[PDB]
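2 protein chains.
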Amino acid sequence: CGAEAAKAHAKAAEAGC
Amino acid sequence: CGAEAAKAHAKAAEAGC
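Protein sequence lines correspond, in order, to chains W and X. Note that our numbering has the first sequence beginning at 1, numbered continuously upward. Note that our numbering has the second sequence beginning at 1, numbered continuously upward.
Treat the hints loosely; a few may be bogus.
[Said to hold, decoys possible] Within a straight-line C-alpha distance of at most 27 Å, the following computed BS3-like cross-link-like pairs (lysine-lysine) qualify: (1) W:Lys11 / X:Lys11; (2) X:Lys7 / W:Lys11; (3) W:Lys7 / X:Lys7; (4) X:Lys11 / W:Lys7.
These are computed hints drawn from the structure, not numbers from a lab.
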């Protein structure tokens, strides 16, 4: 739940949410 | 793992994303 959240958080900030 | 995180997810998806 910390690294799968971190990958989703970067995914948003990649295509800025 | 995240009902407060889900309330932030709905609050963003409404005004943020």
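Against the structure, the hints:
1. For a cut-off of 27 Å, the pair hint linking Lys11 of chain W to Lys11 of chain X stands: about 18 Å separates their Cα positions.
2. Under the criterion of a C-alpha separation no larger than 27 Å, the hint pairing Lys7 of chain X with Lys11 of chain W is consistent with the structure, at around 19 Å.
3. Among the hinted pairs, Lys7 of chain W with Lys7 of chain X is consistent with the structure: their alpha-carbon atoms are about 19 Å apart, no more than 27 Å.
4. Between the alpha carbons of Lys11 of chain X and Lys7 of chain W the distance comes to roughly 20 Å, so the proposed pair stays at or under 27 Å and holds.
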